[PDB]
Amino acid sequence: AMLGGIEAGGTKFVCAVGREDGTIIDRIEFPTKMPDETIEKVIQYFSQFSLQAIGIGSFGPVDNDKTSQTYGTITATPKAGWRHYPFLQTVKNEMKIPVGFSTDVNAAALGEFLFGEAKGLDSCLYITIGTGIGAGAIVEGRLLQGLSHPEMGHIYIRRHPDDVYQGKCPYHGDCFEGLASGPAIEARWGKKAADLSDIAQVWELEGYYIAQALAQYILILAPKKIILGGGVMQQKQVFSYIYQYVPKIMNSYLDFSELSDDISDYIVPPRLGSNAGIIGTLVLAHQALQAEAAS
């Protein structure tokens, strides 16, 4: 019972072979180039194995509406060739097995939901903070997919009055992603976020911005668990600032231990570490296998 997973990123692809229980048997990664050549490497890798199903967790925005004619395509990107490229259908045609599809952050949510910090809950929110900011949510045991998958990284948050930086986001300027991504931190402070590990106000400001976004998510979605991943969150100091700031912003408006005394157990790193996403693609594979077995 072997499953394939593809975590399709703007900078690299990770492909993996694994099991329904989240075990990774083998993996490979390679640079993301143009679609045809990138997907050829995927097919060449998976050809070694005899797979029952594949799951794709993709960068987006994507068309994640199963009834849509453009289901399983990337709908917006500055990356050459990728917009409107028949990603899902190409993998289906080449592999001729069930192929599940979702956003990359949705897959990471499913990973943590089945095997990580939200195991035993029926709700969670997984947020990645790195090159960009995105989130996937589980509601009553199911991925949140309304009119679109969410794009929680592009919400406006309150600018810190001392912060002068104009914002990295090509669409909004100073949305959450514009103010608080990896590339935003770098462009603001003039150094990459590792030379800055020692400057406390970088992570104070970052923690402040993340806390502002989290208060919004808590008031709108009220997830039962918030999982923070991505390269930025490797600066573990940011968590302590978030823990300080969230109760301050909400000012005792909602009385739950998750939001006050036990906040450090509510907003957490992924149990699966940097592998939540690729493991979640195996969950997507398994779901596609189950859904086809019940045709």
Second form
2 protein chains.
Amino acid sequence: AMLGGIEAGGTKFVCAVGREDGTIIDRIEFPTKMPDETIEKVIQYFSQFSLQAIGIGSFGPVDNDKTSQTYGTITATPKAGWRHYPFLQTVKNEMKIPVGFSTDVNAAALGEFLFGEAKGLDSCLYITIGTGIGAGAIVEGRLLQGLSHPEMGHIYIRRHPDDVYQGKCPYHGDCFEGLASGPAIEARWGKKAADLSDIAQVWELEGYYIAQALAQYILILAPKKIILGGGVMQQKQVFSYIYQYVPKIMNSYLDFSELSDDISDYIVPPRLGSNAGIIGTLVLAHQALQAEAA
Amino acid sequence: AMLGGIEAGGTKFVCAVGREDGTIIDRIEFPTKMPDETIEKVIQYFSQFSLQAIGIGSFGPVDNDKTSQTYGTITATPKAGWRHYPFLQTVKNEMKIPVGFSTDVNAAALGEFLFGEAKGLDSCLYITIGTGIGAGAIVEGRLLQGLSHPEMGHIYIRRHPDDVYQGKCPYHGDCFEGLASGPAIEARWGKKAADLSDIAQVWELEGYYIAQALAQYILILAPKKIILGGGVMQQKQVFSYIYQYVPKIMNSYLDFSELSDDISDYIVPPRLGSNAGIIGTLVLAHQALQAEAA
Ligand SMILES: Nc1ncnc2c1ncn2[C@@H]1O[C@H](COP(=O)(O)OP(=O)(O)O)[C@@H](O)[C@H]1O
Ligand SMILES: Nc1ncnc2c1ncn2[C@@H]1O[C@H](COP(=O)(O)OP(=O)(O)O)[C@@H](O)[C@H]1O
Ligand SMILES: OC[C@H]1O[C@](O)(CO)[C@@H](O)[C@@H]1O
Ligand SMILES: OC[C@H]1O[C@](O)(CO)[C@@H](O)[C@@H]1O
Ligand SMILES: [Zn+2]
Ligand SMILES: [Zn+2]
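Next block: the form solved in complex with adenosine-5'-diphosphate, after the form solved without adenosine-5'-diphosphate:
Then the entire complex follows, led off by the chain already shown.
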């Protein structure tokens, strides 16, 4: 009963083989290059296994409307060749088994929903903070997909009055991702994020920005758990600042222990560590396989 | 097959009797006073009719978790007597028929979802802009209820650099409601909203603020239709400014015609005019009645 997953990133692809309970049997990774040659490496890796289904969690924006002619393509990216490349369809054509598709952060959300911190709940929100910011939400046990999947990393939070950085996002400048991604932390401070470890000021600022973003998500979706992952969130100090700032921002407007005394159990790192997304792509495989039996 | 509705407002109650197709048979309104005497007027009006069920759409925050001990109470308000008053339970006890409960804007959303601009869709967002700002969302045909219902009117949008008004909201100051409610427009400009009709500047500012709020809701929920109601939105000029500003804010990040060329059919006034909420309380009645048959 083996399943394949592809977590398509802008810098790397991670492919894996595993089971529906989330165990990883095997995995490989390789640099993201042009699509033809990148997917060819994908196919070459899976050809060794007898797989029943595959799931793709891709960086987006993507067309995640099953009824759309461009379903399963990346709809916007500056990365050469990926926009409008028939990603889902080329994998379906070559492997000839069901293939599920979603964003990478939707994949992480399913992982943490079935096997991680949101197991037993019916709602959660997974936010990744790395090269980009993105988030995926589960409402009533099902991924949130409206007109588009969400693009929660491009909301315009309020600047800090002492921050003079113009922002990294090429569309918005100083949206959340623009102010608070890993690359925004570097462009702002002049060194790599992992190396700013001991400059408290960087992490108060980062936490202030995440906190503002979370206030909005709480007011708008009100998820029953918020899981924060990605490279930047390896600085576990950021959590303590978020815990201090969310309540100050909300200012007691919504009386839930999740938002005050027990906030440290509401906004948490992922139980699956950095594997939420790849594990979640096994879930997307499994769903695709069940939809074909249906 | 007659149903009752109560739209509980901070200034007035509107009660009505009607049918599940949304027709209003009769209605009454009266000032919101203390609860005992206000609910007593409610009971006195319904005693004339043979009703099968009732629905309450209340101003909130409210406890809208069916499994909660304080289910069907208003959990926060400065209005004398209403906090923690057993509103739902006192109506259930006196009428002895099923009673549905939700926010007032959730009620409006159901109205427009079954009978208005979102009929045939599976998702929508209803926003009221009046004494307060609030919103209710339908995802996959079902009201969005997480940890709390949403309180979308208290998000911290960005100020306009020329606006020096400190904000009306007693919790946040210059959150969205704080900047853009009817009373914020008056406290800011020194006259009543209906009388600022011809000062274009008031409505550019109002539209700029709504537009910022909508950008966030689109990025976070991505609803398939956005309906704007309430007293302030009787100045239909505000729509033209929103249509100009949403696309500038999003800056082509999400390529959907709803967000650009066809934006005038995406963000719209309610088809049910100012009766979305009361009509929606008939829907909540009908749902409560079906849950009892189940
Ligand atoms: N241990 C770390 N601590 C802080 N920042 C890190 C760490 N590792 C990577 N980063 C930063 O996070 C970003 C990478 O995000 P990540 O989730 O690791 O991958 P990607 O977003 O490229 O798929 C980079 O800008 C990098 O500087
Ligand atoms: N025709 C109108 N044009 C502009 N503003 C209005 C109009 N009617 C009422 N208002 C304003 O909208 C607010 C009232 O909101 P509304 O939805 O009518 O009721 P409430 O929020 O009290 O239930 C007030 O601050 C008032 O000044
Ligand atoms: O991968 C992190 C996030 O960055 C984006 O590509 C755009 O900001 C999102 O689609 C994604 O979920
Ligand atoms: O009634 C308009 C809106 O104002 C509030 O009472 C708080 O801002 C919300 O609960 C409501 O939906
Ligand atoms: Zn952006
Ligand atoms: Zn507020």
